[PDB]
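Undergrad: One-letter residues, chain by chain:
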Amino acid sequence: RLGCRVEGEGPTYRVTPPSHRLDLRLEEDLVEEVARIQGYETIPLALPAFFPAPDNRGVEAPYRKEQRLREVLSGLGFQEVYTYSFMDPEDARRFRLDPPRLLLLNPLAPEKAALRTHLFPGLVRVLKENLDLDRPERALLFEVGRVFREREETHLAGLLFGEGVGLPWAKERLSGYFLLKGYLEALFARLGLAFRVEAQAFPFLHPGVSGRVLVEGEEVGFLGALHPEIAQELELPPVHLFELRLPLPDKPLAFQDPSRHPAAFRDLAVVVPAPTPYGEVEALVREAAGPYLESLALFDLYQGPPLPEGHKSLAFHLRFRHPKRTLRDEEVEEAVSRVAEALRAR
Amino acid sequence: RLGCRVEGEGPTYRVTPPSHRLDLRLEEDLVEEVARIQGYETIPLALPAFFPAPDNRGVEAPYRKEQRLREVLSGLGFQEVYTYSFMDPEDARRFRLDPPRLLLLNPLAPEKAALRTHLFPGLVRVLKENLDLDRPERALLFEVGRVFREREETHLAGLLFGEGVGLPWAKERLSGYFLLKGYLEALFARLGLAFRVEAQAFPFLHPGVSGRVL
Amino acid sequence: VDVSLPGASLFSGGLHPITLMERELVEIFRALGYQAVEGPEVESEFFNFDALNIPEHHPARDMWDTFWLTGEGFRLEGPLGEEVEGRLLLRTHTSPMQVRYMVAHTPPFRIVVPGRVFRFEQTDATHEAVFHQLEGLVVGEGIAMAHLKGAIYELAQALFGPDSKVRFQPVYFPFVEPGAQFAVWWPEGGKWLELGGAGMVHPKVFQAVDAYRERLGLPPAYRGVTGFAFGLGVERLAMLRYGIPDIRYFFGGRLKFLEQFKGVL
Amino acid sequence: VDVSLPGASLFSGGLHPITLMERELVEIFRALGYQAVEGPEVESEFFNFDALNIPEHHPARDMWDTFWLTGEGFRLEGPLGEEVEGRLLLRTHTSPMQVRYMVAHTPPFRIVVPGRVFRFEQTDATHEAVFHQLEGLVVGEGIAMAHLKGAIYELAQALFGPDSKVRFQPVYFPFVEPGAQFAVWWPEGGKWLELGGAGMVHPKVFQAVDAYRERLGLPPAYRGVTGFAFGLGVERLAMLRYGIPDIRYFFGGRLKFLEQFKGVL
Ligand SMILES: N[C@@H](Cc1ccccc1)C(=O)O
Ligand SMILES: N[C@@H](Cc1ccccc1)C(=O)O
Ligand SMILES: [Mg+2]
Ligand SMILES: [Mg+2]
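Protein chains in written order, with the authors' numbering: chain B, 430 to 775; chain B', 430 to 643; chain A, 86 to 350; chain A', 86 to 350. A prime marks a further copy of an entry chain.
Keep in mind the hints are simulated off the structure, nothing from the lab.
Ideal Cβ placement from N, Cα and C applies to all residues, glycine included.
Do not take every clue at face value.
[To be verified] Once the Cα atoms are required to be at most 27 Å apart in a straight line, the calculated DSSO-like pairs of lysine-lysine come out as:
| no. | chain 1 | residue 1 | chain 2 | residue 2 |
| --- | --- | --- | --- | --- |
| 1 | B | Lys494 | A | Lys289 |
| 2 | A | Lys250 | A | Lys276 |
| 3 | B | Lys494 | A' | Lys347 |
| 4 | B | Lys557 | B | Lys541 |
| 5 | B' | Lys557 | B' | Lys541 |
| 6 | A' | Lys250 | A | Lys347 |
| 7 | A' | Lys276 | A' | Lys250 |
| 8 | A | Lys341 | B' | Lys557 |
| 9 | B' | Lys541 | A | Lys250 |
| 10 | A' | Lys347 | B' | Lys494 |
[Stated by the list, open to error] Label-pair distances were calculated between CB atoms; the ranges are:
| no. | chain 1 | residue 1 | chain 2 | residue 2 | range |
| --- | --- | --- | --- | --- | --- |
| 11 | A | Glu273 | B | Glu579 | 32 to 40 Å |
| 12 | B' | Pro528 | A | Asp147 | 41 to 49 Å |
| 13 | A' | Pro330 | B | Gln661 | 32 to 40 Å |
| 14 | B | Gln661 | A' | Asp248 | 52 to 60 Å |
| 15 | A' | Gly274 | B' | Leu622 | 22 to 30 Å |
| 16 | A' | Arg300 | B | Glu579 | 20 to 28 Å |
| 17 | B | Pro597 | B' | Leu622 | 17 to 25 Å |
| 18 | B | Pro735 | A | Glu273 | 57 to 65 Å |
| 19 | A | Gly309 | B' | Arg450 | 26 to 34 Å |
| 20 | A' | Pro304 | A | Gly309 | 44 to 52 Å |
| 21 | B | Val463 | A' | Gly302 | 35 to 43 Å |
[What the hints assert, rightly or not] Listed next, the stretches of chain B' that the computed footprint assigns to chain A, with coverage defined by at least 3 CB atoms under 8 Å from CB atoms of chain A:
| no. | stretch |
| --- | --- |
| 22 | 465-476 |
| 23 | 499-505 |
| 24 | 526-538 |
| 25 | 621-630 |
Please model the entire structure based on the sequences and the hints provided.
TA: See the structure below:
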């Protein structure tokens with residue numbers, strides 16, 4: 430009826446289409462025909478059942494991983510945000526960063542002619558426009574997106590700003606950089622990943638308040654206070670940032686029986702130059718504590734009148750334990766020196 | 430071969446089992462037989478496909494709801510905990526609360542002879558024993574469980590204790606009741622639910638620091 | 086400023102391993118179209134025993150050490166919110182849910198039922214009185230054992246494998262014929278793990294369901310349909326999976342333990 | 086103490102509506118055994134057009150307003166980590182992933198691909214240049230259209246219904262024959278919603294895949310297998326679902342907006 434010639438006896442036929450029909454070349458094109466003429470509604474409903482080829486097994490992991498993370502954040506207290514993957518070539522300047530490696534040939538507008546190499550610029554920018562529309566006292570958010578440098582990459586950045594948290598009515602607040610870090614650390618605490626920060630010079634980050642980020646023993650992303658020069662180049666006050674690369678590495682848990690025998694407690698302080706970083710300090714103390722160091726915390730420190738003008742004090746709470754048996758004091762005040770010795774012996 | 434008598438021409442047969450076989454009454458019992466004798470391993474592998482009866486549609490909601498919540502908490506900062514559904518009748522006193530409506534007839538021990546009417550007692554109790562084993566400075570956790578009063582009920586309780594949060598080294602902390610509330614409010618902020626508290630007298634709660642939840 | 090310094094002591098929460106394991110198992114069956122639903126920890130001797138072909142004075146009832154309860158003014162709800170009768174007890178397994186669900190619904194369907202169960206037993210390193218199980222039920226015309234077999238097989242793969250496999254041996258249960266116990270191949274640790282029991286839903290169970298339904302005014306729905314159900318111990322698997330050595334550890338609210346599973350996901 | 090007082094100002098996070106919608110859609114297909122996987126936003130003209138039966142100088146290429154890119158030292162990765170060539174651009178839809186996945190895997194399978202796409206267009210109340218789509222692909226011997234039909238039907242039910250239904254009309258796509266557009270019945274608002282397109286994977290697409298595979302050393306895997314794929318606009322649905330009026334709203338980082346979906350789940 431569609432003007433085709435059908436030769437053959439079956440089961441496979443010779444069908445020559447009318448010349449005015451150019452969309453008819455394959456057998457499938459021919460099937461689509463019977464279908465539309467019979468009516469797509471005359472096709473029944475069904476569901477397939479099969480055991481999927483093995484190489485398809487794990488597949489979801491990556492995606493899944495990204496989402497659990499996405500979720501934890503929101504549960505931790507971050508508002509998620511969605512930003513255009515575009516970038517104003519000009520901002521490569523405005524924000525002290527290298528130029529975009531990818532440019533559009535048909536940009537939507539000269540201010541979205543490149544491809545974001547960084548996420549945070551967009552965040553900060555959002556901050557601004559929010560302030561101008563509605564005046565939020567504080568703000569804490571994040572965004573996960575693809576940035577483009579030599580290779581496409583999945584990045585995660587977060588921004589904090591405002592008075593901080595604390596009692597609304599009551600005077601004080603607690604905010605600033607150490608707040609952002611506070612959250613950051615808790616996040617990894619939740620992901621079961623070891624994270625720490627080490628001062629690092631960043632063109633876009635105020636120095637002194639600059640620092641690279643070390644997830645479980647690795648260097649990825651940074652964290653810090655937004656360099657004021659930029660803070661002001663924009664009608665903006667002080668802001669705090671951090672931008673990482675995903676996927677986050679992962680430490681497969683190795684469960685470990687905790688012992689019942691009570692721990693060995695200790696009071697201890699360290700006096701070292703005002704410049705020295707907490708890091709190395711904890712590092713050393715820790716690396717010398719011995720194989721029975723259960724805990725290691727810092728409950729206090731201050732510059733301090735009663736000591737060397739260029740040195741500081743360190744409140745370190747210590748705990749020890751032995752799986753199989755209780756720890757004999759012989760080994761405690763002993764290993765304690767093992768540290769103190771190489772402590773400032775260095 | 431199993432000693433059955435088989436009469437009939439098919440397709441349905443008359444099978445009388447030997448008297449020593451008492452487990453053979455139904456046709457199905459008879460099938461289990463061919464199966465074990467042919468070997469369970471000789472049964473192929475397959476997967477069913479069908480559109481489920483409509484009344485089964487929403488079903489997962491409740492469970493799902495409970496879990497999202499469970500998850501948010503952990504993400505907010507609460508350690509989850511699992512406590513026995515048992516209760517020491519004695520604690521009905523120790524903790525100022527009414528007596529358990531359900532008791533065991535074969536308790537595991539007189540200290541687990543009743544059914545928890547409240548969750549928190551168990552939490553607090555856990556707190557203690559933790560302090561005695563390891564000495565945690567602060568603690569924030571929760572637990573979701575079934576309590577038993579006139580009807581079985583799903584309850585959620587959380588406990589806070591310790592110095593509170595703030596700078597470890599730096600002097601101050603911020604904790605106490607208004608901390609717990611702080612978290613509570615944020616949780617609802619996350620669930621999109623309006624919550625508030627109003628002072629209420631509770632036998633087990635210090636007054637002045639007591640309050641019902643809305 | 087010293088950036089290496091510690092930030093504001095913020096609380097990092099975690100989840101209980103059972104919850105994690107439960108979750109994991111659930112996500113698995115969910116991918117095969119199973120829907121999760123829970124039942125009551127306090128049940129009626131009717132749903133726990135009678136409904137499933139379990140006799141009063143015969144050897145079967147004697148496979149589950151039950152906790153009997155007492156007390157008044159306690160209202161137990163039936164599948165349709167009605168009040169039901171029978172000696173009260175603590176669900177000895179999650180199977181009762183099998184019934185409540187069927188009474189309340191129409192085939193075909195696929196459900197899975199996580200839940201804490203209770204058995205009167207002396208608590209040791211590998212035995213508890215309080216633990217969790219995960220019941221599974223799939224009813225519909227045409228269901229056969231091969232389906233159950235595939236079901237379990239998919240589960241194996243999902244857990245270990247594709248270098249893992251399944252073992253099905255015949256076993257006896259009053260609510261299924263054929264009945265079977267199934268083990269799973271663990272490629273890593275190299276051993277066979279007895280996971281749980283399963284089988285083709287027993288005719289007298291279906292009978293029971295319909296009978297109670299009509300007594301409730303509903304039309305029969307399980308005549309001419311087939312089905313299989315299974316149930317497995319969660320703690321065991323969780324222990325093998327997350328590598329825990331003492332089952333008592335789960336109900337032992339120790340933090341040093343619980344935190345160990347903070348980032349499990 | 087005054088308990089009615091406000092507690093410590095703690096930060097309450099939230100999620101972006103697209104993420105929520107995405108999530109919801111994903112959980113849906115996951116229950117039918119679909120697995121989620123993502124592709125790259127920056128693609129090669131080869132995967133975006135050529136692989137799928139899309140010609141250079143013919144009317145088809147002319148249905149997608151593409152963003153062309155430029156720049157050096159940028160490394161684009163192929164399905165097997167190899168470096169691939171072709172004019173660079175911004176994925177115009179998520180279909181390219183269809184290919185990358187097939188080249189890299191073996192049937193039978195079910196996947197779903199969420200992802201942000203880009204189209205050169207003027208941004209108005211119902212049209213964006215940057216938005217998201219969700220691609221779906223199911224390949225295997227025996228696959229037919231009825232499967233696609235059921236697939237979509239299940240999706241409908243999952244979203245509205247069981248008082249909702251599906252509409253399938255024939256439409257033209259270079260990578261599927263038969264091709265079709267499908268609408269869904271919204272019982273509440275009472276109208277038909279055009280959701281997305283779908284169809285039976287085109288033979289030349291399968292051809293392409295195998296051809297590139299062999300060029301990569303792999304044996305052909307898509308001869309003698311069938312398949313269907315579909316793709317739908319996420320923003321549209323999210324708007325209808327969560328009741329949003331302006332599509333521009335999504336990329337407009339306004340908080341008063343974003344927070345509105347805090348407790349969506
Ligand atoms: N819950 C059952 C396990 C099982 C379930 C279903 C069928 C067979 C066995 C038990 O207590 O052992
Ligand atoms: N992503 C396609 C939608 C589609 C997918 C698969 C088959 C048919 C249509 C589009 O751009 O329109
Ligand atoms: Mg045609
Ligand atoms: Mg038998």
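Undergrad: Determine which of the earlier numbered hints do not hold for this structure and return their numbers in increasing order.
TA: 1, 6, 9, 12 and 25
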